[PDB]
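Given as C-alpha cells, the chain that follows is alone and in the form deposited without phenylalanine amide.
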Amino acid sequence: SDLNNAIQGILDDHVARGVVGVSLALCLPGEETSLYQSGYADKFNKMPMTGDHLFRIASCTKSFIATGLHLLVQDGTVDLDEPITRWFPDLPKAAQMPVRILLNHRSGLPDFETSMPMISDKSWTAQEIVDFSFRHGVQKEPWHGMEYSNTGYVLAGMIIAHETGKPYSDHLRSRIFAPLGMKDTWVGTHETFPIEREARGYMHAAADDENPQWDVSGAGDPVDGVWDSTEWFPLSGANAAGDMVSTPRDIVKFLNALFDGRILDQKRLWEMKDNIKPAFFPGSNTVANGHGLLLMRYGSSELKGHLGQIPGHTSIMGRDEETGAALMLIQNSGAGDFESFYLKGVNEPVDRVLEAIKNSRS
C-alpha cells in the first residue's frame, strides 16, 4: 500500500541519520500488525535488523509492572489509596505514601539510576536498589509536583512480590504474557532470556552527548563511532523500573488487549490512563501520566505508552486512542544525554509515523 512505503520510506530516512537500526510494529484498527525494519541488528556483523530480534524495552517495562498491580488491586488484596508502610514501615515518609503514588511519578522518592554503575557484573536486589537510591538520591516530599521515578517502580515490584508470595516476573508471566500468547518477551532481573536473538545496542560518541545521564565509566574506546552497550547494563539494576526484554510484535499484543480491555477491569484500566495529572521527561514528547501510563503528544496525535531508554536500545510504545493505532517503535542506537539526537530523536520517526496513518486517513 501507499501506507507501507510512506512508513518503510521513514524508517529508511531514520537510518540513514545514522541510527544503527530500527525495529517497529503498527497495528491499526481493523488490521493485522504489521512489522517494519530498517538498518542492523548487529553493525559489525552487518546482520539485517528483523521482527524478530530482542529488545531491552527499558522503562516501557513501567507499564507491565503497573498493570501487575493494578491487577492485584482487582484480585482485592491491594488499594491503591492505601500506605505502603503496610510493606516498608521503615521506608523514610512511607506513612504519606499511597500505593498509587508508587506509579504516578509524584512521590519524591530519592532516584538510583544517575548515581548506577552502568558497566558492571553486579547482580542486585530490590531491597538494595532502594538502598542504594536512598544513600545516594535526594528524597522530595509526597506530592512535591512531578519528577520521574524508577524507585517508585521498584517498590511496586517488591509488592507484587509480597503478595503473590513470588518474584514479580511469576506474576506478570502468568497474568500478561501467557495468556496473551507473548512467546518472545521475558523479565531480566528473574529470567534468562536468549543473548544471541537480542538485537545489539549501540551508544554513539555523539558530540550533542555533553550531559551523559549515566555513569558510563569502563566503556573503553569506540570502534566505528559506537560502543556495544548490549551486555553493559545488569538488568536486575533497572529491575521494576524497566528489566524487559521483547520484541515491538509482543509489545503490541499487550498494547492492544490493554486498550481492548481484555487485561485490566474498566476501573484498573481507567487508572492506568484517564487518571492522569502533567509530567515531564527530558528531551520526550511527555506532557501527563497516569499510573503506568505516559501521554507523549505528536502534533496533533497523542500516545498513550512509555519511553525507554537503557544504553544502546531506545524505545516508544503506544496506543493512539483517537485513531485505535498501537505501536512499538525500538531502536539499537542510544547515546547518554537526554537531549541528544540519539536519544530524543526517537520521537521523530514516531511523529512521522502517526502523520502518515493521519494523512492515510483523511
Given for the second form:
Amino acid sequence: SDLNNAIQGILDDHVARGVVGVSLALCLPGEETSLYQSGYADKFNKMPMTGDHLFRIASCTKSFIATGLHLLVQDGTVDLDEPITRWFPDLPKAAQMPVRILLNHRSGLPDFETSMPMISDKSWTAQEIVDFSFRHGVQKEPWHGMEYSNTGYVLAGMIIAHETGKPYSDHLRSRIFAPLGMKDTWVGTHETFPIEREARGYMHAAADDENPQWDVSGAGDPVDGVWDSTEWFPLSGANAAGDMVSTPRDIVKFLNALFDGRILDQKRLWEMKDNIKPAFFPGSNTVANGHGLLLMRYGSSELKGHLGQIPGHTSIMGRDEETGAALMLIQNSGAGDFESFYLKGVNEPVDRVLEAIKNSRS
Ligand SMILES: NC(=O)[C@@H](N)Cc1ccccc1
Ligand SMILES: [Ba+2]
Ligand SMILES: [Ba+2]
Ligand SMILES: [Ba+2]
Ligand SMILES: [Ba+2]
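Right, the form deposited without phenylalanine amide is done, so what does the form solved in complex with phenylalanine amide look like?
Full complex below, order starting with the chain above.
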C-alpha cells in the first residue's frame, strides 16, 4: 500500500537523521501486525535490523508488572485500596500507601535510578534496590503530586512474588507470555535470554547530551561517535521497573490482547487505562497516566502505553483508542539527557506514523 511506503519512508528518514536502527510493529483494525525496520542491529558489523532482533524494553516492563498485579486483584488476593504495610511493615509512610499508589507515580517514594551506576556487573536484589532508594533518594508525601517512580514498581514486583510465592517472572510468563504465544520475551532479573539475538544499543556522544540522567562513568572512549551500551547495565538493576527483553512483534501481541479484553476484566483494564490523573515525563509526550499505562499525546492522536529508556535502547509502545491501532517502536540509539534528540526524538517517527495512519483513513 501507499501506507507501507509512507511508514518505511518515515523510518528511513529517522535513521538518516543519525539513528543507528529502528524496529516497528504496527497492527491496524481488521489487519495482521505489520513489521518494518531500517538501519542496523549492529553498527560495526553492518548487520541489518530485522523484526526478530530483541531489545531491552526498559519502562515498558511496568505495563506488564501492572497487568500482573491487576491479575492478582482478579484472583481476589489483592485490593487496589489496601495499605502496603501488609507486605512492607517497616517501610517509611507505608500506611499512607494503598497498593494503587505503587502503579500511579504519586507515592512520593525515593527513587534509585539516577544514583545507580549504569556500568556494572552487580547482581541486584529487589530489597537491595529498595534499601538503596531510601539511602540515596528523596522521599515526598504520598499523593504529593505526580513524580515518576521506579521504586513503586519494584515494590509492586515484590507483592507479586509474595502473593504467588515465586519470582514475578513466573507469574508474567504463565499468565501473560505463554497464553499469548510471546515466545521472544524474557524477564531479565529472573530469566536468561539469548544475547546473540539482541540488537546492539548505542549511546551517542551527542552535543545535546548536556544533563545526563544516568551515572555512565566507566564508559571508556567512544568509537565512531558511539558506545556499545548493550551490556553496560545488568537488568536485575532495573528489576520490576525495567528488566524485560522483547520484540516489537511480541509487544503488539500483548497490546492487542490487553485492549481487546483478553487479559484483564473490564474493571482492572479501566483502572489501568481510564482511572487517570495528569503525568509528566521529561522529554516525552506524556500528559497523564493510569495504573500501568501512560497517556502520550501526538497532536490529534494519543497512545495509551509506555515509553522506555535504558542505555542505547529507546522505546514507545501504545494503543490509539480512537483508531484501534497498536504499535511498538524501538530504536537502538540513545543518550543520557532527557531532552537529547537520541532520547526525545524517538517520538518524531511515532508522531509521523500516527498521522500517516490518519491520512490513509480520511
Ligand atoms: N524510563 C525508563 O525506561 C527507565 N526508568 C527504566 C529503568 C529503570 C531502572 C533502571 C534503569 C532503567
Ligand atoms: Ba554537564
Ligand atoms: Ba556489565
Ligand atoms: Ba482527535
Ligand atoms: Ba487522504
